[PDB]
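Novice: The chain contents come next:
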Amino acid sequence: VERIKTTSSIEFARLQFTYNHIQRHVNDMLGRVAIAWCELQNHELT
Amino acid sequence: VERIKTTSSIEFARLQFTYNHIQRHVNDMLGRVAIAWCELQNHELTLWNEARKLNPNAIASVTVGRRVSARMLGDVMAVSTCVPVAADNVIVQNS
Amino acid sequence: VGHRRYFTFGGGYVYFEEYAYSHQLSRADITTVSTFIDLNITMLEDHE
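Chains as they are written, first to last, in the entry's author numbering: chain B, 492 to 537; chain A, 492 to 586; chain C, 635 to 682.
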């Protein structure tokens with residue numbers, strides 16, 4: 492058995508949430524931009 | 492009358508400011524990218540119109556998705572699917 | 635021989651066969667391929 496110590500600051504968790512949200516969205520949009528750029532080049536080869 | 496209770500942590504507000512700034516800027520830049528992409532496509536439709544008149548086969552094939560054979564009937568393309576042939580069954584004549 | 639052409643006219647097309655007017659058509663009556671590269675850019679959703 493043991494006892495659990497809780498940190499008095501939650502700002503690590505909220506910071507993690509904010510950064511995760513921004514990272515996920517920016518990564519998604521940039522992936523779409525990269526894929527579109529790739530398709531545009533493969534498309535203008537003609 | 493009442494009394495107002497104030498939270499001892501302001502990190503919600505600063506987090507809101509940071510996220511709002513990033514959201515606003517990223518949304519602005521991505522909107523500009525999307526609008527530019529739209530205009531680029533609407534702009535290159537002209538090149539695509541004037542390339543299909545050179546050899547409709549390549550344009551029609553890369554556009555439809557399959558490997559089709561096409562010709563132009565005025566302002567439209569008439570297509571027909573092309574039948575594959577195995578690689579090993581070809582002979583190149585020497586002369 | 636075999637002549638048949640569509641021509642852009644107004645907002646639709648006019649269809650001729652064997653050098654004789656046949657009939658008009660709307661844009662919807664023809665399957666539309668696309669020379670466009672899709673870019674589905676969404677936006678950072680609001681968060682509070």
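Read the hints as simulated data drawn from the structure, not as lab findings. In this text, a Cβ means the ideal position worked out from N, Cα and C, and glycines have one as well. Be aware that a few hints might be false.
As the list claims (entries may be wrong) - When the alpha-carbon atoms are kept at most 25 angstroms apart in a straight line, the in silico DMTMM-like pairs for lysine to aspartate or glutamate are as follows:
hint : chain 1 : residue 1 : chain 2 : residue 2
1    : A       : 496       : C       : 682
2    : B       : 496       : A       : 530
3    : A       : 544       : C       : 663
4    : A       : 544       : B       : 502
5    : A       : 544       : B       : 530
6    : A       : 496       : C       : 651
7    : A       : 544       : C       : 682
8    : A       : 496       : B       : 502
9    : A       : 544       : A       : 530
10   : A       : 544       : C       : 651
11   : A       : 544       : A       : 519
Stated by the list, open to error - A short list of chain A residues far from chain C (calculated; beta carbon distances all over 10 angstroms):
hint : residue
12   : 500
13   : 507
14   : 514
15   : 518
16   : 535
17   : 575
18   : 577
Unchecked claim - Quick list of simulated restraints, FRET-style, between CB atoms:
hint : chain 1 : residue 1 : chain 2 : residue 2 : range
19   : B       : 536       : A       : 569       : 19 to 27 angstroms
20   : A       : 541       : B       : 505       : 40 to 48 angstroms
21   : B       : 519       : C       : 658       : 18 to 26 angstroms
22   : B       : 500       : A       : 527       : 38 to 46 angstroms
23   : B       : 500       : A       : 493       : 48 to 56 angstroms
24   : A       : 562       : C       : 663       : 13 to 21 angstroms
Novice: Against each hint, give a clear statement of whether it holds in the structure.
Specialist: Now for the hints, and whether the structure bears them out:
1. Taking the CA atoms of residue 496/A and residue 682/C, the gap is near 20 angstroms; set against the 25 angstroms cutoff, the hint holds.
2. Between residue 496/B and residue 530/A, the direct Cα distance comes to roughly 57 angstroms. Violation of the 25 angstroms bound is thereby established for this hinted pair.
3. With a C-alpha separation of about 22 angstroms, the suggested pairing of residue 544/A with residue 663/C holds against the 25 angstroms cut-off.
4. At most 25 angstroms may separate the alpha-carbon atoms for a hinted pair to count; residue 544/A and residue 502/B exceed this at roughly 62 angstroms.
5. Simply put, residue 544/A and residue 530/B have alpha-carbon atoms about 22 angstroms apart, close enough for the 25 angstroms limit, and the pair holds.
6. Among the hinted pairs, residue 496/A with residue 651/C is inconsistent with the structure: their alpha-carbon atoms are about 84 angstroms apart, more than 25 angstroms.
7. At most 25 angstroms may separate the alpha-carbon atoms for a hinted pair to count; residue 544/A and residue 682/C exceed this at roughly 54 angstroms.
8. Taken as a hint, the residue 496/A and residue 502/B pair is honoured in the structure, with Cα atoms around 21 angstroms apart against an allowance of 25 angstroms.
9. Distance restraint check for residue 544/A and residue 530/A: the Cα-Cα separation of roughly 23 angstroms lies within the 25 angstroms cut-off, and the hinted pair is therefore satisfied.
10. Distance check on the hinted pair: residue 544/A and residue 651/C sit about 21 angstroms apart at the alpha-carbon level, within 25 angstroms; holds.
11. With a C-alpha separation of about 39 angstroms, the suggested pair residue 544/A and residue 519/A falls outside the 25 angstroms cut-off, and the hint is violated.
12. No beta-carbon of chain C is positioned within 10 angstroms of the beta-carbon of residue 500/A; the least distance is around 16 angstroms.
13. At the 10 angstroms boundary, the C-beta of residue 507/A falls inside the reach of chain C, the nearest C-beta of that chain being 7 angstroms off.
14. A beta-carbon of chain C is positioned within 10 angstroms of the beta-carbon of residue 514/A; the least distance is around 4 angstroms.
15. A Cβ of chain C approaches the Cβ of residue 518/A within 10 angstroms, the least distance being about 5 angstroms, so the stated non-interface status is violated.
16. Residue-level check failed: residue 535/A sits 7 angstroms from the nearest beta carbon of chain C, not beyond 10 angstroms.
17. Chain C leaves residue 575/A outside its interface by the beta-carbon criterion, the shortest separation being 21 angstroms against a cut-off of 10 angstroms.
18. Annotated as non-interface, residue 577/A keeps its C-beta farther than 10 angstroms from every C-beta of chain C; the closest such distance is 28 angstroms.
19. Distance hint check: the CB atoms of residue 536/B and residue 569/A are about 24 angstroms apart, consistent with the given range 19 to 27 angstroms.
20. Checked against the given bound of 40 to 48 angstroms, the beta carbons of residue 541/A and residue 505/B, roughly 55 angstroms apart, lie outside it.
21. Range check, residue 519/B to residue 658/C: about 45 angstroms between beta-carbon atoms, so the 18 to 26 angstroms window is missed.
22. Here the CB-CB span from residue 500/B to residue 527/A is close to 43 angstroms, well matched to the stated 38 to 46 angstroms.
23. Taking the beta carbon of each, residue 500/B and residue 493/A are about 30 angstroms apart, not inside 48 to 56 angstroms as hinted.
24. Range check, residue 562/A to residue 663/C: Cβ separation about 19 angstroms, and the 13 to 21 angstroms hint holds.
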